[PDB]
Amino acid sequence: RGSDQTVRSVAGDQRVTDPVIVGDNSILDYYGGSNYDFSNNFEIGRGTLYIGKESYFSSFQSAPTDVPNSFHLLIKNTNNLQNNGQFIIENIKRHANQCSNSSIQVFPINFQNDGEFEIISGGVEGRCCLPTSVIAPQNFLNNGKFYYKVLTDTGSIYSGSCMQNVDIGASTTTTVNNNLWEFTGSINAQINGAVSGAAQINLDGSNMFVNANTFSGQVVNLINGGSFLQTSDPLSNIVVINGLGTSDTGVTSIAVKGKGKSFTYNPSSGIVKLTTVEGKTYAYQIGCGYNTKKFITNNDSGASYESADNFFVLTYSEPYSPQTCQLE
């Protein structure tokens, strides 16, 4: 060969009380089990930690394995989770046409992600997969990439009904995002704790709900019909939201809790202001290049977003086409 390489491939349920240490050029493949419970530290180098229903080493053309379609991961009482490599969690049983009985609960005191953290969850067309997924370290520091994808039992993106609720943060936690979040497929990302830093969040067909009172430094990009929704009272900061428009890739939207009273858009500043009947005004930076006459506003029950909250919804009837702002 020439270089070092370690592969640990470990089948079945695991109750892990020792530290999880993955070296550089090393892969630790926990697979097959229905119950995973970790309670000590994680030190992931420039290698891969994989926890999933199918082995990391299985492929598109692999025969099914006789494991239950059930996947429960708990990380709790862990003091430190440090990821410098790839950390993948996947609940999908290949070629199963039932939803996994699945829960993911990630509650380490500290989670520092310097590499890639990816969660892959199954959706099934015609079914309604709604697994439990809570990512709420007391302290979450993302210097790398946090991907959440909902895929079919063969690995294509799932875009159907049953938006999977993914709780990110909690009322006491602190999240700093300094690089990238990307949520792909039928995901309702519930941002339930404070987020600060300087980062991008890509919503590829997904919905993100800003439910907390601190959401700063985060630029949001709406792709393939993704939507930004805010349920908390207006933020002091003007959130940047790119991609509002209508194309054949979908209709993206921006929505604020309540019922619409009015809106104003300044084509020389890029700021749109949405005012609700209760008198709350939400300000967002959507870019210059929009024609005020082509905005559309509606009230929604929430059902279009698989929410129970009423929303005042802003859309735009032509494609996203940003321009540089000019006062003129």
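Residues that one form lacks are left out of the comparison. Positions refer to the first chain, counted from 1. Rigid core (definition): largest C-alpha set, two forms, superposition within 1.5 Å. Compared with the form deposited in another entry:
- The one residue among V134, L151, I238, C99 whose Cα position changes by 2 Å or more between the two forms, with the core held fixed by superposition, is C99.
- Core-superposed comparison between the two forms places the runs of three or more consecutive residues whose CA atoms all shift by 2 angstroms or more at 93-101, 125-127, 301-303, 307-309, listed in sequence order.
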Contents of the next structure:
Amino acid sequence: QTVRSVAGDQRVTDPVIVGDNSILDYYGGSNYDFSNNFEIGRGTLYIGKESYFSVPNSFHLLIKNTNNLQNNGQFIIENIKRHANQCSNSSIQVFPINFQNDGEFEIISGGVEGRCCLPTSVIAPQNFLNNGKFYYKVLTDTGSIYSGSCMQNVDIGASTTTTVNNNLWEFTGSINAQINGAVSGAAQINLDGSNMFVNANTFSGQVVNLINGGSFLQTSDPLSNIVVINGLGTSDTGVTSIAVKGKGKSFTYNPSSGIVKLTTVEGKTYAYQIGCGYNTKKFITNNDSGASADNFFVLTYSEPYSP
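Starting from the form deposited in one PDB entry shown above, please give the structure in the form deposited in another entry.
Only a single chain is listed, so you will not see partners or other molecules.
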């Protein structure tokens, strides 16, 4: 049992080592820069605005030139705007070469009441391997889920990075998760009120679960694979949706396979496994036309989701 609790800005060039039953609490700094390896055992590494045990305007975390980030415990990044309401260039940038997450990796932002001013967030290790739980949550000052109009944009992966999910991702609240790199494995992605944008050409082995008005959007051309998407439906906790880039010509649902196909006027056909027991007559289809894809063909279903 060792607690370390360190206040103020940090430029850390030494290895970060958290032993079993230990806590390392970095807080109260506006600037954090780590450049060496991380080894987190059965303990907690916390980097945040306020102490793990509970004020600058800004929060900047950079992990860059780190060879290996090995997480076997809890790795928390927390940036809640409390009293503060100034708009700053707050950022979370996680670019280690190797990130192996066997435990819990949890990013928490939000607390925006007035001006819509959220941090830049990019999680793009060259090699990001998740065997554990990756959480991104947007919370109020009290720690409730934030579901307002100020959307936290999160970039996951990049054009040349490799991302593997073998367990769980869960994005909760007003989050736009832009999947900008190759993702593979065999895992669940839980979208609890959040949107996920499949921008890449490899997005494989991921079962997507839409909860509380969560949405799946693809901007890339149709994949080889048929993504399993659970939760299409309309309830009091909202309307979940599947959307593809372009202008929709038609849809077909096969009640015998549980596969829906969305065909665009360009003749691109997107296929998703939504499950059995849908009624064709209760599907709704809309072309959205505006501003990343200008246009989306949006599939919804008028009745509650039944597993």
